[PDB]
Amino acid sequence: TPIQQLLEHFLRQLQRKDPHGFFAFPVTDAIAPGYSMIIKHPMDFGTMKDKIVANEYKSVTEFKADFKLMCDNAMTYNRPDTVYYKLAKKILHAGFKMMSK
């Protein structure tokens, strides 16, 4: 509870870097064939917002680990020439820069 307000601010800033909403909600296999076979631990902004409010993050370090999970997942499933991989890599770097001390 001393980080909940901080985490809410971090997640609104990071979601503003994905205006199309590519990482807004869980990926399904009907729209991304094989996802569930390739990605073992799915993550997305909706899920992270849920976990904030549910107090499931005990540190900023655990929140940053879920953001890196979401971007790493995207960089594995999508090829480097795709819009998805390019956005994931971009916001990964930008968002860790913002979260750092």
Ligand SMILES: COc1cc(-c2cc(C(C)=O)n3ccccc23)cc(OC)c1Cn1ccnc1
Second form
2 protein chains.
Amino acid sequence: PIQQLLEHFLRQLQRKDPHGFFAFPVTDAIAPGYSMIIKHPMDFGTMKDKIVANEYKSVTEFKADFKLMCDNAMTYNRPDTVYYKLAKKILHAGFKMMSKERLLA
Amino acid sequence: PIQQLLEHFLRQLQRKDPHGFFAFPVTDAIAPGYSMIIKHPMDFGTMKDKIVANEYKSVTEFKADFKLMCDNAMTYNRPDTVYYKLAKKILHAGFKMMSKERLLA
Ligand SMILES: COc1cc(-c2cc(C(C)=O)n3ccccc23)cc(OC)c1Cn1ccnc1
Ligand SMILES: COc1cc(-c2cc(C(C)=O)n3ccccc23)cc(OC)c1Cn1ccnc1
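Complement to the form solved without the named molecule: the form solved in complex with the named molecule:
Time for the whole complex; same chain goes first.
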């Protein structure tokens, strides 16, 4: 169904994150106080399961989570950091990838 | 190409580092003061080129670089950190992989 289209989009984005910083949830162990600051955590790992269980109706629900993942990254980490810089790149990239016009292909 | 047992050893270790923390040089941007503390930096990226140019004579030359990479990691980073813990895992793994007895094969 539309699950297949999301898996195409997901694999496009996972490839843009070669070091897998967005691969499973961030822990307080590696990110002090992450759980207190980000109350809506999101990751490709979580977005994979939600395609496996067809819990995505629209594209717009998928990109909502995708944006939440990048906003979390740009909210917890300083602009100086690898996690911030990669978040902004991936956010702007995915939005042009899953856009109104490019969806017509 | 007689020396490809190094490439066997290398790809065993690279796979133990899925996030690719040992894949190219650490920068002071990512690691404050790295250049001051570690004067002999080493990485799989550097070790790949040195197989491409067959600059490794013995196994013991390869393990020497391998050890330097892990000892750098266990010198610069605190025990608490993911880079330290992965260094000690890879160190104990490579030592059993490239050991006195297993070198018979
Ligand atoms: C998805 O797995 C990881 C994520 C991050 C990571 C990701 C992020 C983000 C997305 O904010 N982050 C923020 C501060 C500190 C670390 C991180 C950093 C990581 O290693 C430095 C890893 C890989 N990891 C986790 C546990 N062992 C390895
Ligand atoms: C090979 O690329 C990386 C290496 C490390 C990393 C590796 C190490 C080591 C092994 O000491 N290290 C020590 C302190 C802080 C970071 C690191 C951490 C990384 O991201 C958090 C990255 C990935 N990276 C670098 C620039 N863009 C992505």
